[PDB]
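What follows is one chain in structure tokens, specifically the form solved without 1,1,1,3,3,3-hexafluoropropanediol (FAC).
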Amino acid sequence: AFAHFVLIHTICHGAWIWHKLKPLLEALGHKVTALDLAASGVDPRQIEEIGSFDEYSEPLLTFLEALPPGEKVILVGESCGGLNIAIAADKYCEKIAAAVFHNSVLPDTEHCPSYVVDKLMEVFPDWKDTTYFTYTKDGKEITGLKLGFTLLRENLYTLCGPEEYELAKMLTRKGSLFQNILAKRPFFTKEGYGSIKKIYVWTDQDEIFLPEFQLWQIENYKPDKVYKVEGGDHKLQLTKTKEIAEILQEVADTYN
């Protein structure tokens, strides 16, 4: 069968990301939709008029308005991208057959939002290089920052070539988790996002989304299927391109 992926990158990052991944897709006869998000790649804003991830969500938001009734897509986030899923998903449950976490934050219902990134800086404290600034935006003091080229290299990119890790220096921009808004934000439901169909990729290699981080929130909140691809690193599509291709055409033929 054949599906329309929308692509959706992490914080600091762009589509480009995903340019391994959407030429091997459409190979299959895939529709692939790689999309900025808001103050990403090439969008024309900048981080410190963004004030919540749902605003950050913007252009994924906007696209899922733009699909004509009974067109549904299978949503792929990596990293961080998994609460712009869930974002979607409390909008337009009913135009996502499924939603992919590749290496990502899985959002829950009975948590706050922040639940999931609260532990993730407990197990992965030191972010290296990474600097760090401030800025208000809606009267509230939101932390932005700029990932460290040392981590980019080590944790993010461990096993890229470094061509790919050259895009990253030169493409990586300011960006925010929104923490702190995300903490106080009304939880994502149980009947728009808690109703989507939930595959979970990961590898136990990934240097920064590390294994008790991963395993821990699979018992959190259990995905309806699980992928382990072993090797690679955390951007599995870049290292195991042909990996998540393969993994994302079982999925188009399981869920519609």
Contents of the next structure:
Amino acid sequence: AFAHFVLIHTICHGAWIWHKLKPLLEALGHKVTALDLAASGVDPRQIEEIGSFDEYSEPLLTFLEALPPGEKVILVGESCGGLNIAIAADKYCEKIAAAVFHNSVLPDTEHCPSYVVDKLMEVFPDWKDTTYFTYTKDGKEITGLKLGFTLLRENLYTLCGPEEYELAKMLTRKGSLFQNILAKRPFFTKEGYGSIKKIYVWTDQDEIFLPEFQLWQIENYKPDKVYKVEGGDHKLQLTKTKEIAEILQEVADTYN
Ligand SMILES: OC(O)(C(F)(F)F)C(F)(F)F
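Right, the form solved without 1,1,1,3,3,3-hexafluoropropanediol (FAC) is done, so what does the form deposited with 1,1,1,3,3,3-hexafluoropropanediol (FAC) bound look like?
The complete assembly is shown below, putting the previous chain first.
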């Protein structure tokens, strides 16, 4: 079967990390949309204009609003992309056949939206040469960040080629986890987000979202399906592109 995959990058990244995976899925017969979220990739906004993870998710929400009645998509989110999935599923659960988490945060419905991110900062507290700044938007002080190049090299793109790591140094932008805004956000609902099928893809070779955090998330909010990819790194759509496309074909053949 063919599905329409909507690929959702992580913060400080853009549609471009999917540049290898999107032609592979299309060569399998699938339709693929690779969005730039607010102030990400070649989106015209800067991060200081964005006051929350919900506003940051506007390109995905606008995309889902434009789907004609009865068209469903499979959302695929990498790293912080799981939070954009949770936001989208609370507005458009009928339009989501399934959600695939790719070395991604897995929000739940029993704790606050920031919960999984609070646990990530405890498991991975040293972001090496990542720099931080603050800005104010709608009376809230938000901590922005720009991922350090050594963190990019060693923890995110560990096993990627120098031409893939070069794209990350050239294209990663200032972003924000909006953690303090997520902490005071209403909880993801059981009827929207809680109702969708969740497929959890990960590698125990991930150098930022370490096995303790990912195994902690699997036990915290049980996925409908778990796939463990052997080897690769945090960017499995670059180091294990073929393997991710095979898993996504299986999800397409399972969830309607
Ligand atoms: O997903 C990241 O890019 C961040 F957005 F959380 F910073 C990470 F991989 F660096 F953690």
